[PDB]
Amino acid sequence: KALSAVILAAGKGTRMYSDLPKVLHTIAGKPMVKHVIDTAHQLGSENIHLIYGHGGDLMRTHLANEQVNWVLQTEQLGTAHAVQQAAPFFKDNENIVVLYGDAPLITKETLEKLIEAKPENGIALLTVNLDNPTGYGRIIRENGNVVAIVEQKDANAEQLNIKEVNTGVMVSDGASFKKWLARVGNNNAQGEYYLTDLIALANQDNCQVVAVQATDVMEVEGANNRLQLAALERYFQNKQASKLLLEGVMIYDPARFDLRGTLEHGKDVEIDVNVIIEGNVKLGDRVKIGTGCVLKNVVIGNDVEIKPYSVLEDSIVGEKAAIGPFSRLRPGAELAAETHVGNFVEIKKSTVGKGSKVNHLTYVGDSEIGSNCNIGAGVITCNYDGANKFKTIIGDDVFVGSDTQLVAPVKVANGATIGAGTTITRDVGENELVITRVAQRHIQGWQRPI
């Protein structure tokens, strides 16, 4: 049968001490609630009902492109009330899974087991075994079904020793949700309508509640503050790193690796300590990334070595290229195969052709550079003090001498040679050598301090 999800995401998250609402805080570069939405989607959810409230405008701007039903809750009166806000949209004969936007680590695999265990007209309840279950509702099993969830202060001596507890995550059909939610009351110390009470109501109707245990405790773990969030981050990063290691990526230290997006990789990739991968990154076979590198939205070809402390964004690098150390590629940098970019070099919105080298203390911006060029140390592309900036076009087999300024717009044709210390404002023709004629004064017998 079909499936839809409800995600509870209305909380202020006071103990985050933030202007953001609770579920917008990020794990691996992505809001907690976005993790849950994505999981619901890969589970096969037809509709995803997002219960939101606090920080509503921020939720709407930060999640504008998410395919969810925006259910704006005016007041928080308990989890049953929150789920009931979406209840009018439940199809009678689809399953509904209830998830929490501040519990981002829940896996598709666990939720698939949960849905499959759900008996007809009944509930599947996600539980978890804790070593210290103090404070949480204990799962009472008579034969093989959950007959009760006994809270801390109601439990007798032997019931407090039960380690299995309620997570609040559950699956039931839409018609059953509509029926039981309307029968939840608020006669308790908190004065709230608890979704937990559906287990009691199901047992009242002689409907079966089956428990499905979560594999990992951290899977169902939420974050009420940033310390707890940091713990989820580290668990998540360790799981990601472990997956990549088993796929054949050499990560020198998985505790010093961060992925905040997606990584496609070839074979024999080596990633040294303290590397951050952000956005969508693709690495070819035998790519080596040195320590300290940051790669955001990049494609790197086979056999590329990126040396330490290089920062690359929105860039493409061809096979057998060598980058770094201390290299910076800014958006629009496109390096061809067998190129060389060296220390204290910045390349922005420029193409660099096969075999070309740019190895020291250089800025290349808004440029096209051909194949087998030699861009000397200290070379800078610049503009006049005008309005918009303009392009520098360098052909193939050009030598640009050290500490030369290329003043756009300008064109340097194939095979040209430019001396060191030159200011190029006029176009340079094919096989044209341009050298600066300097005037110097020479003073003999100039004694420096002694």
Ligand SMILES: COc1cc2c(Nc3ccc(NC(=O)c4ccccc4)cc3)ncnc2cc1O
Contents of the next structure:
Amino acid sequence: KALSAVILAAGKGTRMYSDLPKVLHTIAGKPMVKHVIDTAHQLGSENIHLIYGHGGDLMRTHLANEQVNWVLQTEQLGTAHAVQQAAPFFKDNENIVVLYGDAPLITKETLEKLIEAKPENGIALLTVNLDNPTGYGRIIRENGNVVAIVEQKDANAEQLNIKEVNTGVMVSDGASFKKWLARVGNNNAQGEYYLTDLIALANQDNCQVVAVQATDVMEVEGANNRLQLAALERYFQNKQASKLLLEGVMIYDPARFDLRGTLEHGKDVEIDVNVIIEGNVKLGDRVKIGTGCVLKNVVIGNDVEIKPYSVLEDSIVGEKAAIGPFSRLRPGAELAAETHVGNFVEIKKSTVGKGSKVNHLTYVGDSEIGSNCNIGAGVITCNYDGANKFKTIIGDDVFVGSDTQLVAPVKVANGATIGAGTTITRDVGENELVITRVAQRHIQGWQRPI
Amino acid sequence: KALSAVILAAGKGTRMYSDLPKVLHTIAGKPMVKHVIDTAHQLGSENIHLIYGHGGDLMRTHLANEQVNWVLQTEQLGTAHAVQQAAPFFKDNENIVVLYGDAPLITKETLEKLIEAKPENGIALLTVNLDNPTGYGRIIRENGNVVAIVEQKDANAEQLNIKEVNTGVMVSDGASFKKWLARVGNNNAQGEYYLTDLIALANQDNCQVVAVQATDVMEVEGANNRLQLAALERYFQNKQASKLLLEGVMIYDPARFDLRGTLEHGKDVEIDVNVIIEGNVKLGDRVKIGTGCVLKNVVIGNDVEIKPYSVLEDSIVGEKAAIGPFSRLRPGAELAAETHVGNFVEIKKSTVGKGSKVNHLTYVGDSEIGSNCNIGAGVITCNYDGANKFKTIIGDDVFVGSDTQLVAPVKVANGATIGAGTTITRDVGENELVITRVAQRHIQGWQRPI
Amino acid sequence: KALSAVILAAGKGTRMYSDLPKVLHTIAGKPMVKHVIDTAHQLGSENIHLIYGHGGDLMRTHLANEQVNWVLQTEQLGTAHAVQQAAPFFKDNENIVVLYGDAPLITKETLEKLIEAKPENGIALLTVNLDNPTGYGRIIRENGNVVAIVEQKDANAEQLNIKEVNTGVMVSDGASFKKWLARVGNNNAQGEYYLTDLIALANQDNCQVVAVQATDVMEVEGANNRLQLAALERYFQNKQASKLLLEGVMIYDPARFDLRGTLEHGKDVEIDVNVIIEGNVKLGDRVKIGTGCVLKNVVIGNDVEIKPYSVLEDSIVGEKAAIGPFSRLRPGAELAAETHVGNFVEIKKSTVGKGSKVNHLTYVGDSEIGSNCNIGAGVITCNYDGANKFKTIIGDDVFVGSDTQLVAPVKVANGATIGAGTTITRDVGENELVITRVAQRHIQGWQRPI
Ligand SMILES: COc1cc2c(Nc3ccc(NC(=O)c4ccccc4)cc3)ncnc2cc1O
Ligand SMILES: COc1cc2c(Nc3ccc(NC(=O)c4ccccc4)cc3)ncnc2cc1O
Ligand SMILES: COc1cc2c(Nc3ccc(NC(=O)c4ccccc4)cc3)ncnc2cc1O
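Taking the form deposited without the named molecule as the starting point, write out the structure of the form deposited with the named molecule bound.
All chains and molecules follow, beginning with the one already shown.
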């Protein structure tokens, strides 16, 4: 049967001390609530009812493309009241899973188990065992059935020893939610309608409440401040790193590795310490990434070595290429197979053909460079003062001497040779040699001021 | 009543295998003893009696500006003998707190509690509970009063089970210190006068000895070698990081963050992994610091992004500025609001006006650059061979073409335009265009040696 | 008496998901089996019998210079069968130690203890205590003698409580190995000949089997996948870091330090976070290494400071030199005492004499630079288009102006002065001043397009 989700995401997150609302703070570069939205979608949720409130304007702007139902909460009256704002949109015959926008690490797998355990017209409740359950709602079972959730201040000495606690995550059908939520009262010290009461109400109607235990407590932990968020970040990164290690990615130190997006990898990929992978990154076979590198939205072909302290974004690198150390590829850099980009080199929105080398102290922007070119040290592509940024076209088999200024728009045809210290403003023809004629003054017997 | 401190700092620290004396080794960039001196001052200590000895010459040079009384120890005869060298300078009616120069993490807060617990004419003793107290002096209480400190080799089976141990830190009044220290003997296996005997002597005179427990054992741990020092460093950095996280600084990985000095911050500040903050650093609201950055003595305005692998020192950065990646700001760099400093750029002792850009492969030193200038790639400010380093003055709205050499002293007035590859030795006037006339030799049909 | 080793190294390591065989994956930059080969050699092994199989071709190429006996295994029939392939080469009167190529952290010291404990005509067995010994062969002692090793599936309730387990490492004499290995059978669920049976067989012949316990369980752990390998890497690096810390090297964070080879150090050496030391590195007294540096095969003299994000390889640095930040020394860089190499500078296969400075945005390759030279910003040594890479010779006391192109082969003699923006193609004589005569067009009242 069908499934929909309700995600609670209205909290201010005061102890974040931020202008952002609580759930927009990120884990692995992705807002906490977006983790939960994605998980809900992976589960095959038909609708996703997002209960929002504080920072509502920023929620709308940051999540504008999410396929969610925008249910605004104007007052905090507990979890049952929040969920009831979404309940008119529940289908009687679909399951509803309740989730929390500030508890981002809940997994599809745990939720599949939970959903499978839900007995007809009953509830599946997610629980977890804690060594010190102090302050959490104790799960009371009679026989092997869950009958109630007893809060810390209500529990007796025998109940306080119960290690199994309530996580707040539960599954029931829509009809049962609409029915039971209407029977929830708020006659308590907080004056709030509590979702925990659905466990009692279910048993009241001779409906079964089954418990499923979470794999890791971190799946159900919420982040109330940046310290707690950092702990979730580290647990998540370790989990990501472990998965990649077991798939055969050699990550030299998984405690010094960060993935903030998605990584597709070949075999025998080696990643040294302090690498950051962002957005969508694809690495071919036998790719070696040196220490300190940052790759954001890149495709790296087989057998490429990226040496230390290289920063790449929105770029493509062909097989057997060599990048770094201290290389900068900015958006639109496309390096063909067997290319060489060296230290203190910046490539922006340019194509560099097979076998070409750009090895020192160079800026190439808005350029097309052909195959087997030699781009000498200190070469700079530049523009005239004025408007837009025009293109430099360099053909195949061109030698560009060190410190050459290539002033766009300009074309250098196949097989040209440009001497060092040249300023190229006019097009260079095929097999044309251009060398700068220098005027120098020579003074003999000049004694230095030393 | 008044307070003064005695800090023991005479040890050689042989297992450091260093030419430095023990207490000059640093935690968070600050000598261990300086941590303790500062804490003593935070407590409002009137005098700080520093017992020193080994590496005395280096102690004097490194701590020359500290407001301490320099009490030289010529021989090791135990803690009571060390403290007695300072005792002639104790005021009868002030409290005296005893501290250790190689135990740097003792907190003001713990010491306030200790000082408050000191009963009139009595002693307040700092204690700590250990799971394995083996080798530490056991605290013996009778009723709820501390009566003795029993050393490991003296303790009976029942006493060896006591988990509460002596840390060595204590508070008493000056009169009581002068009195009891004179009654301490050295008839023991080390032949040393022990400060622990003051607990007995106090009870002997019907004076009360009250115990206060330290928060963390790391407050009372001493560093005897670099391994132990590293452990103190890591605990201290984690504590610093946690505080900042709870104040709302987003530190992506607190295990990969270092603060060596002081940080003042706005809201929504983000600090990526492997950042080092040194000296006095001020960050405004919404500052983003990328991976690998080093900031030493800097002021960074609101909304500034510092991209990866940038190194900044003794610099000021205005709001909405953009720095990095691979940017170097050396002392005296002053960047106005909305400026742009890019990769492989070095700025030294220069002012850069609002909206100006210095984006590639450039050295600017001893310069004033105005507002809305375009400093092209490969631009270098330089001097003539000889003496001092003179100034380059660039006005507002100037375009400096790529690879221009600006030879100081020189001035370029408002609205000037300088073509690429130019050497500027003479002043440039307002709205003056200077372009380099090149001589080139063109040879057609030059077949490259390929 | 003599000693030889047998190392089992035939496994495929399927869960590495690699084209490499299991034991060629590295710890600290060195293949796992090479760790074990070296340890065996440190113990004074006369022969080293390497049992190999999967990835045999790659084993031969990667380990071609190892002094090992190449014993090929064509089928897996257990540890006793593997060892028996080597047994014809055992000398009757030498000890034989059995080791595993995928258990790289076994120490010489532990193995010395093991070898000393071996009773005449008996076996010394390496054991370890585990809190949870589930799945490991339990060591059964009668009196205080080891009589058997009982496997998990065979053990009774009382035996399952035994915490002491078999590591697989053992020592016996060659005659005893040849004898007992021939009596090992394979009538078991795997159909394999097990080395564990030698413990029974020894007791059968009234020979004593003595047990020695490993220091750390990590000495006997094998790496079956990259996750487990990473754990061995981290344990090994921490152990290396701890040793250096206790020798008096100040390593600011040992969890962010990597040694992949050997380090020789002086006193008062300081190493900041995220440094990587590779190959053979020698650091003199008071060397300071800043954050992010990479040193591979370098010799660094006394009092040298290497500032952040510098990468050095196959280089020599004289005393009191200053390198970085953002410096690149490539193979064959030789810097004399009191030299200065600054940001965005690349030095390759060049000698730089005493007191000389190369401080910005510079490439020096295949060069000899004398003493007290000033190599200005933007200076580039380059070649003509064509064949080999020729040399630039710069004498003592030379000033090379910013942006100078030095076109090899060329010589600049003692005391020469070269103005900024010069292209040097012809030799420069002693005390010769060369300055570039520029042609510039000046246009007044040029209004910029702004
Ligand atoms: C972020 O917006 C909301 C979060 C809520 C919220 N967040 C939350 C998430 C996870 C936990 N985690 C646990 O209760 C827990 C943690 C560990 C072990 C067992 C339970 C607690 C609160 N809980 C209840 N109502 C909420 C309402 C909101 O508008
Ligand atoms: C550095 O100079 C001195 C240090 C001393 C010194 N340092 C010291 C500091 C802290 C401890 N810490 C503890 O005793 C301890 C640690 C953990 C738990 C309980 C107690 C021990 C010695 N102790 C005694 N006399 C000292 C004399 C010196 O001149
Ligand atoms: C890599 O090639 C081989 C490895 C083997 C091998 N490797 C190995 C190494 C270490 C362990 N470690 C332990 O058994 C262990 C670990 C922890 C505590 C106690 C025992 C296990 C297997 N064991 C047995 N036969 C082997 C045969 C091979 O060709």
